[PDB]
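Undergrad: Next come the chains, spelled out residue by residue.
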Amino acid sequence: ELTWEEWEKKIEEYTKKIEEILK
Amino acid sequence: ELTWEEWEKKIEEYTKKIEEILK
Amino acid sequence: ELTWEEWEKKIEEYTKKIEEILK
Amino acid sequence: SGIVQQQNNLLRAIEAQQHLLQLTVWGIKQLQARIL
Amino acid sequence: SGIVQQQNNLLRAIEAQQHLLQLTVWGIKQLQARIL
Amino acid sequence: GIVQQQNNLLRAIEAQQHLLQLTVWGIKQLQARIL
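Protein chains in written order, with our numbering: chain A, 92 to 114; chain B, 92 to 114; chain C, 92 to 114; chain D, -13 to 22; chain E, -13 to 22; chain F, 233 to 267.
There is no bait here: all hints are sound.
Only pairs whose alpha carbons sit at most 25 Å apart, straight line, appear in this in silico SDA-like list of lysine to any residue:
id, chain 1, residue 1, chain 2, residue 2
1, B, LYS114, B, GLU103
2, A, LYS108, A, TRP95
3, A, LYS108, E, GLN(-9)
4, C, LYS108, E, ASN(-5)
5, B, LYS100, B, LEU113
6, B, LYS108, A, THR106
7, C, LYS107, E, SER(-13)
Calculated directly from the structure, the hints in this document are not laboratory data.
The shape of chain A in the complex, shown without the other chains:
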């Protein structure tokens, strides 16, 4: 099962990735 800690890390990863694409 996914932990809330890894959940939070993956959220940050995909959000950062989109922010870099949109720049």
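Go by the hints and put chains B, C, D, E and F onto chain A.
TA: Chains B, C, D, E and F in isolation, oriented as in the chain A frame:
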């Protein structure tokens, strides 16, 4: 207003639409 | 840090902005 | 295929994701009301 | 007007959807902390 | 160009779909805990 069952079914329906586009 | 009231307002503000863009 | 078709596909995907985002808003509000 | 304008509108839409999505993440974290 | 920008849009949408998988997952976790 939605039941949680209807909520889950609509999540699946919109996912199917999106994945068909992404494929 | 947000209050839940402020959260609800910003949700609606971004929803209206998106809907306007998507027309 | 072409850019025009692909633009339409991207638009439809973003519109469907907007529905998903609205559904997640509903679920959070449901749980918030239950908890708080 | 043209593809250039329509593509720019899609970019603005996803930018705004990312703000909306970040707000849902905040709400989930708040409720997670309350519950667990 | 438009071709490159269209590809960047697709990649953003794919990442936004992964984010939605994650927020849906989190809501389901809390819903099952509460109800």
